[PDB]
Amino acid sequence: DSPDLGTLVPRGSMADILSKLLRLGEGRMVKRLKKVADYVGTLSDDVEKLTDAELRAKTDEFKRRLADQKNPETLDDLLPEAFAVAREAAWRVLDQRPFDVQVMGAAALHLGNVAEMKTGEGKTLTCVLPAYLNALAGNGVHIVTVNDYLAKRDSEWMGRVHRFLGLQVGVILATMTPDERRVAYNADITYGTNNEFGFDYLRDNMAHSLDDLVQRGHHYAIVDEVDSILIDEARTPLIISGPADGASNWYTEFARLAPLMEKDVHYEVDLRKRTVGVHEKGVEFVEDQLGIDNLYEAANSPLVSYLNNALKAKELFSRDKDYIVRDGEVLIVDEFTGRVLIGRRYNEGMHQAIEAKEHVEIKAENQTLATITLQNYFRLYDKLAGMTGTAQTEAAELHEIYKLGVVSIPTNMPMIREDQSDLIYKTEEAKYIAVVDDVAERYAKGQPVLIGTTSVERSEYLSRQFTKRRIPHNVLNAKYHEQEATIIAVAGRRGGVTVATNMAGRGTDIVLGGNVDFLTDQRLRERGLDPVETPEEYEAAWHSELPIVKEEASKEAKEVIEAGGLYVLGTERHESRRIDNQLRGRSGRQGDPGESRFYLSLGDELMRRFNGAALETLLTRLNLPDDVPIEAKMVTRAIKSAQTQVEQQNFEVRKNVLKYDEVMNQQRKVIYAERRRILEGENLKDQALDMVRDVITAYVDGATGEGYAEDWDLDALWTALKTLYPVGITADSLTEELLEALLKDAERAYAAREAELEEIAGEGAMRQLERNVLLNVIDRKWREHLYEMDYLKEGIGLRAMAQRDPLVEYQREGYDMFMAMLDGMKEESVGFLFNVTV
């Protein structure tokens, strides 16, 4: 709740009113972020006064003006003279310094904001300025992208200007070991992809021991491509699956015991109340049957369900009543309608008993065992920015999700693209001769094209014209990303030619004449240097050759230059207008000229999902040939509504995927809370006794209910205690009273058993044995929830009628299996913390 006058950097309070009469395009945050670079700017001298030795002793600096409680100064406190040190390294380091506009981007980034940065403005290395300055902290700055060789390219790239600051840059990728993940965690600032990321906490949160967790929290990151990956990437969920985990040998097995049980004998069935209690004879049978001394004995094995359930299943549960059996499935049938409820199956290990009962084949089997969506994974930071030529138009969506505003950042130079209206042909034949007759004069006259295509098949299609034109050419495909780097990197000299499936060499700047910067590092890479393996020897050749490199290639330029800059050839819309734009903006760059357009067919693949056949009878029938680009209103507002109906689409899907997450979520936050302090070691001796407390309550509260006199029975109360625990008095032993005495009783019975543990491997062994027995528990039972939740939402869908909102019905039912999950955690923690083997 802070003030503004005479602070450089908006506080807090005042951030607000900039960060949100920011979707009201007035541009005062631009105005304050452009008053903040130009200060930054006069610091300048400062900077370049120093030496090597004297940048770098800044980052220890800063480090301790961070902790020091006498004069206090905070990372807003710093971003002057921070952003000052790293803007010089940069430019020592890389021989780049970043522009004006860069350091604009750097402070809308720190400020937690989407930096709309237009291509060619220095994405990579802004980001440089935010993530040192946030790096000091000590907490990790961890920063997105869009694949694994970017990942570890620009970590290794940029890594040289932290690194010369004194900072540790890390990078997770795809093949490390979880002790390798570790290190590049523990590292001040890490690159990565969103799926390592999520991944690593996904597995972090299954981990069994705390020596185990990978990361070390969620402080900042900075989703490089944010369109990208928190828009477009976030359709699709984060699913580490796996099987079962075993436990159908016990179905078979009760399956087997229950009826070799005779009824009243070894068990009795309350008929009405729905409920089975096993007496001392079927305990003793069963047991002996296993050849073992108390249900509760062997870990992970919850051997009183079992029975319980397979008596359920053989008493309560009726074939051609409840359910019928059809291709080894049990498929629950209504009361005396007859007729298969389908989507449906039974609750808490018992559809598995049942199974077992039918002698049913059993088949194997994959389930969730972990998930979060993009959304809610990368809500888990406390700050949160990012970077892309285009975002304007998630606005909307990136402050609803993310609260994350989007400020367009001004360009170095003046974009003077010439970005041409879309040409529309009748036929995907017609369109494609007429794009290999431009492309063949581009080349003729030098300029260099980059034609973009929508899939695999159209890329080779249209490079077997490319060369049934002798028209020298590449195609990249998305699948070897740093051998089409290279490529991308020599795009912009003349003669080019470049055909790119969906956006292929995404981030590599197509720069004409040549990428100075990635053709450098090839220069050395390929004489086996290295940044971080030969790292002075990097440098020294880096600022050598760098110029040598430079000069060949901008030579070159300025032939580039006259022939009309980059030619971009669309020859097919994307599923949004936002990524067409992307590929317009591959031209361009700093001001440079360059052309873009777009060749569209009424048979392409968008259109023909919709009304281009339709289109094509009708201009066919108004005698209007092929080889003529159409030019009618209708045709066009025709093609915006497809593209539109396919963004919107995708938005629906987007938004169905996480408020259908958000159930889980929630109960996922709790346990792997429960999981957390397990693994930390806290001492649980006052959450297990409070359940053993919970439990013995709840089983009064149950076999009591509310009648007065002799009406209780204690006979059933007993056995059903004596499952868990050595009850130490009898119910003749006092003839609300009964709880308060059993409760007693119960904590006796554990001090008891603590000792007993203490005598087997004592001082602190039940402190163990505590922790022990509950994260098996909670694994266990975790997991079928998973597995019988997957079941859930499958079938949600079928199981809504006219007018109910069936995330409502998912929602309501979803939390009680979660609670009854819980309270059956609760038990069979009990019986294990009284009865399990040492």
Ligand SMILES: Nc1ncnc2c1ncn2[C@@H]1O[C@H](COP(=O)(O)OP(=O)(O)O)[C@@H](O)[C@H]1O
The other form holds:
There are 2 protein chains.
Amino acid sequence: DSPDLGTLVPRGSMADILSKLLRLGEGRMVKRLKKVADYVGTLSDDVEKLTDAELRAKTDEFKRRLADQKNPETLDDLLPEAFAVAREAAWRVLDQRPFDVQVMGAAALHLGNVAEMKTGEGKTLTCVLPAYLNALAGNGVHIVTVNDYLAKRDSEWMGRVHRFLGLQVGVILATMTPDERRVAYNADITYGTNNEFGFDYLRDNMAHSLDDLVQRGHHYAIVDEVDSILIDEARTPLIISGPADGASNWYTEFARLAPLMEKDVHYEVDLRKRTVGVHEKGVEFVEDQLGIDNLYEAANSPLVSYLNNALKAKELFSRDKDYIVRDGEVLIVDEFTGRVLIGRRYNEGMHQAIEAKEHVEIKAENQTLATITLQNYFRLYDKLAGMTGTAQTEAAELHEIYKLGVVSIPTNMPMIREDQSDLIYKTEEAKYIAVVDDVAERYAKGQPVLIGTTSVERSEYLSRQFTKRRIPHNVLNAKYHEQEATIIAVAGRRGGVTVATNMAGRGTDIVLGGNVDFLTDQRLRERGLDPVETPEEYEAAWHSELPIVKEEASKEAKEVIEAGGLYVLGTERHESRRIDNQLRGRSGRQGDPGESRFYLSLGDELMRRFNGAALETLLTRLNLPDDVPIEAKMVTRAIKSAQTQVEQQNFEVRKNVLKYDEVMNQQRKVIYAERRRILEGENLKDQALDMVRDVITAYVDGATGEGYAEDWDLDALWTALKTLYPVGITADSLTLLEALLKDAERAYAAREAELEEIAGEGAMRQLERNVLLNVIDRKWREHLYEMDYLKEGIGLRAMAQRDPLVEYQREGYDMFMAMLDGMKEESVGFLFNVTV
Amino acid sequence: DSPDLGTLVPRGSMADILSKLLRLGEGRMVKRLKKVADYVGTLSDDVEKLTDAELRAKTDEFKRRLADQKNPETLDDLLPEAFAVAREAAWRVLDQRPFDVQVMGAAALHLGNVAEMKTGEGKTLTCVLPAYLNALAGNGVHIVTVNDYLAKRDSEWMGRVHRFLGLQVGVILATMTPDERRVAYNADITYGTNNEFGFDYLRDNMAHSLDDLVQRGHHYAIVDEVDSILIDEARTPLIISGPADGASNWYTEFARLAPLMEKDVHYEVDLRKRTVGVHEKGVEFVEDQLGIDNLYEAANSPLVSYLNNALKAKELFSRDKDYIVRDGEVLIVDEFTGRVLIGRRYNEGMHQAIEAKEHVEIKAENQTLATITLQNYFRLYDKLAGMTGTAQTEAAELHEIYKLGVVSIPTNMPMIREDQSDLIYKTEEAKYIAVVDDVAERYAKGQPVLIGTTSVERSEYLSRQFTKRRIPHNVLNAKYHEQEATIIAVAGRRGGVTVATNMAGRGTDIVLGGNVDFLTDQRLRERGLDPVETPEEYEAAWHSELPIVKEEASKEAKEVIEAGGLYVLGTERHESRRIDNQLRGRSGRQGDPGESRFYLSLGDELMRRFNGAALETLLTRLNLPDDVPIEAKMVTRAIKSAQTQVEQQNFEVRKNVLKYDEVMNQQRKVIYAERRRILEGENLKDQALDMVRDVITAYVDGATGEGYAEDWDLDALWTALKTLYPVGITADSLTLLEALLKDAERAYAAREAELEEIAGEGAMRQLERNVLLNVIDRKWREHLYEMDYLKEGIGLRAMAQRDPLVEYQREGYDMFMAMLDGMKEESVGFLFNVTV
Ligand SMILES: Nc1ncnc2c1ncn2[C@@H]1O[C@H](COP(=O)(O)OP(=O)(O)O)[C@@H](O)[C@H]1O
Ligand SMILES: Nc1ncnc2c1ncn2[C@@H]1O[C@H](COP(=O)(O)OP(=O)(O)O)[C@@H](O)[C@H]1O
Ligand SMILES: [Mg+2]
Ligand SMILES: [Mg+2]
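Condition change, the form deposited without the ligand to the form solved in complex with the ligand:
What follows is the entire complex, opening with the chain shown before.
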């Protein structure tokens, strides 16, 4: 809630107004970013006149200035200086100085927006400035790319600038161990994919020791290719699944024991209150049958809950009345119509209790162990930003889900690509002869062509046609990234013909005459050089190799420009207009001439999903020859409309994935926070004592309600608490909650001192932490297994009278509260009686 | 507009009130209809004491009473008596007496409604009363059934009753010649299919001589199976198509000739007007090249138009500016977009002229020669009625399209069939072993089964199963109707197993024990007897052997009854709920016990067209086994919704077929009427002269236009007139509309006399008829070809900013008026100049 008169960088309250007018198309924000970039530009001389050592000393100066409480400075205060330094460093290291528009993009990233910068504007380097600046705070910065090849290349390439400025830079990769990740997350800047960041988030919240955590918070994430990651990939959650590792053998054991026990001798049934109470005689019976002294002595084995469930199974649920058994499944039926309520299961281990009671073999299964959606993962960061060539069409959603604004950064040079209209054909057969014809003409003239398809199979067909017309070309199937980048870096040379299935070679700019940085780096690699493993040698060869590559390139650029620039030829439409435009974008970077054009057909995958075949019937009936392009409003509408439906379907999937994830995101916050407390070694004595109180309170309550006299049930209450803790007073002594509470409170004091007797100095503090973590992990895993089934089956309730999401929340939250209550009372049980 | 107090048969004002309350479900109509049946019932003694002869004579009595201009009586007055006579007649002939409820249905038919009568209620018989009554009027009655086997069996079966009462009954069949047809249409009652009645209508309106007409008007049609014919079959029109009859060789000739002709020597071109005029020298040139004396001398060759078109083609239309040529197609392109205006051809034979000009092969083709939809066909009758077991679900459409009301006739015995709710399975596999088990159990109990499927290939798969299970059975594939009747007639016998694809065996009632009538007829025939070829002996055999047949059926019925009556097992749903119900209705006729049930799967054809796949892989994930019947308000909803959508789609196709047909139906009423005038011999001197008058006016109109002084093209006006007729006043006669018309009339009076010398009195009257019919048929055909193309392509020029149907009408009527104007111009041309 700040002011803004004569502040260069906009602060909070002004920054909002500026984000508002973004969505309204007014573009005042660009005027501002331009003012910032300009200013940074006037600091050029200051840094230009510095020594390499003196430029590197700037980092320590900034840190110093950010810790000064006598003379306070914020990252926002340091932005102009820190940018100027990074900009001059890049120039010295890479031999490329961030353009005025890169500095604009940079400031947008620092302010927490998506900078929309076209293909070829230099997003990779633009990134370095806000990354350097925010790294100074010492909390770490995550840069997200779309695959491992790219995270590795950026971290290694920009890492040179950061390491020069004295920062450490790490990557996380799929192949890396926990130890290796820990080091990478300890760097000042960490590159990686959404897969790696989120899975490490998920693993961390499963870890059984604080030493094993790999990440260190979610401070700032800059998402390269935001639309691919935050929109497209967000349709699908991150899931860790594994063996349910259930209590199958205890279920079986208690289904076996339940019959042997006798009604009203060993246990009581509250016919009315839906409840079973184990008697003194019965507790002994089970104790004897198991060779056991107390029902809570075995770690991770809640025998009380198993027993009670087996008895509830035996007495309160009737086969053919309440459920039936079909093919190894317990299936719940309704009242006295008795129809199979497909999907429903019983709760809190009751279902497994019944399965065992009906001698059903109990299913060894896989289950969810941890999840999060990309949306809720990235929502974790205190600051979020992103870069892409295409974001304005995703703006509303970026703003709703992520609170991310989108700024269109002006292009460095005037964009002059000619983007041609679709050529539409009645059949695939005809489209491809027209495509191959074009390619053949372009190739004769030397103009490099990029052909995009949408399946490997179609790319392979085109490959075969090119081969038969004798046009040499490569096919890139989005399979081997480093390999394919190698081909793409040279795709913009004369005679270039390159087929790219799906968006293959993403992230490697197709620079006319050859991508100069890609190739310099590549020559350096084959000579044994490495930005990280042999940095001095790498840098010194870079400075002499770059100028040579640029020449034998670049005069080649002159020839390609005359040939028309890069020709982009699309073969079908993608699931979105956006992705189509991404392909067009590969041509005409940095002000180059270029042309783009799609060739479509009524027999394309997309059109076949919809009305394409009807249309081709029609046109044949109208006598239009196959090789005549179609220009008709109705067919144009039909193509637009097929793609727009796929877009909308995808949007609704995303929206649904996120809706269902919110329910479980609330729940894991709580659970994950508890696990953290324990892993951190917090003193849990008070929480332990509160649970003890909480459980004894509910028991007393639950047997105390009305009548208000001796006319009550003290025998049920005493025996039930007896297994929970060593009750040390009589129902006789007092012929009440406060009484029972001091006894337990002092029985806990007794138990504590026992643990000093056994393992000494604060050993009760360690028993609490151990018991709770074990209890939370077992109970939460079990809940997850139950929640799997609930997601699935709820769909199967949908009507124009009930919203399925409401129902999933009510039942899913009920389940969660019941889980918490059970977590409490098993904890106090084990706390009192578990073997050490 | 008549009264109702004291009137037995409701008419005019009252009948309507009674139709309204029908769509409202009050059933005062049924109450009225039963009052009529009861009255007819009181007349039973009166007809019972009559001899056969006396009863045969009642017909001449009624006929004489219907004609009596002094003691007037209507069909309504005669209904009670004529019905009592027909009833008694059926009893004597058939040995079955119409039930009270059949008489009710009969009355509903006379009143022009659909009588909804359940399967097994005796619709074939019901029909005889209103058919008899209305046939008395002498105009013909058309009874429509669903195929040739049924039209022949009904005509020969009920034809016995009518023949007994002095009437002739005919059938039309697909095999019959026009002479045979004519005889059948001349009978008092005529049976046939919609195919035959409708195509006879199309041919009649193509006929070249009155001798050749087969039909004699559209007086009363009773449509048996109304829902099948007026709803279901109404989605597709009746088309007679054929070779376009090419003027192809003249097109080519004039394309060869146009080039040898010189601008401003042989012709002139008005560039501003899109017009061409052929000079004296040009007329003569063409004449000499064709060895002809006048371009109007050859009947059926409009040489003036061909020439004129060829000359427009040469001068006014430019290749690669107005049109391009592609795979020997002439395609129109716009001014300087140059893009193909797909769907567009040139008008009035200009297109062929262009094809010819470009030496494009003039493709031998097919076109519509005549059409009408079933809706417009049946709208021709003065009175319409119909019968079916299932019509109320179609009531709104019957009422709006045909003004038919729907009356549910109460059933003769209380219906007691048990329709079970559907059994839904995840996979076809599980459904089909589930089905085979039911059938096997039923077969073992002896209970007869009808198993409905929905494709030949599924019936065969089921057959192959049955065989492997050792269950003898028949597959009826809706292919050979008479053979399939033979089998179906005994399907309600013990051990009976009958698989019926689509609605196989439609029309043959599955009487428990055996359809006794069917069997009696069959037994008589396979000894050589025939209701028509051996009438006396057939009848003798019938009264003798029905009782034998009935006795041995019937004691067999009694067994089949013990076993639960007919079991109907549907295997999948049809394109409508109505049809599902037709299949169910085959069981439990006449008060019999019976059971129906469908077995469905998420894998069924119907479902695979929507979401079945998804539901199955869902259910699979919920671990629901395959043999458990799915009982979920979601899956029930899905199945209903899939069928409801196919239903709605059919309905939209039907409503579309008709709207587009309205336009062309109005055009053919006019053309058919014109053709009729000429076939009938009408004196057309007045119209001939009006045409002459019209054309000269039209020329004087165009040529005199505006400007008014000296500036007038008279030379060019005369030349255009000259080719039409021998103008006998030089334009210098006066130095104008009036004088021309008067000269034209004397030239015509001369012509009328020239014809006299060659043929004699009436010579010109016949020439007029011959010339007009030629001109009409030829331009109508051409127009039909052009409308074909118009309709195919109209959809292609559209939006949510224009209605295709409006533009179709606008363009279609425009072509039509231009066609008529063309007919007049050419007719006067031929009238003056044709060779005799
Ligand atoms: N300011 C700069 N001066 C010269 N070249 C630059 C500059 N910034 C980036 N480049 C080059 O432009 C090319 C595209 O860079 P990249 O960061 O991959 O762009 P993008 O991700 O925006 O499509 C790279 O070869 C890079 O070396
Ligand atoms: N009133 C009647 N008395 C006895 N049998 C009848 C009578 N009317 C019809 N039937 C018999 O009932 C059966 C069904 O006849 P049908 O005309 O095909 O009924 P629908 O067309 O109504 O399905 C036939 O075998 C027929 O001979
Ligand atoms: Mg990039
Ligand atoms: Mg019938």
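The term rigid core refers to the maximal set of C-alpha atoms that superpose within 1.5 Å between the two forms. Numbering follows the first chain given and starts at 1.
Exercise. Once you align the rigid core, which of 800, 50, 57, 67 turns out to move its Cα at least 2 Å between the two forms?
Worked result: Result of the superposition: 800 is the only one at 2 Å or more.
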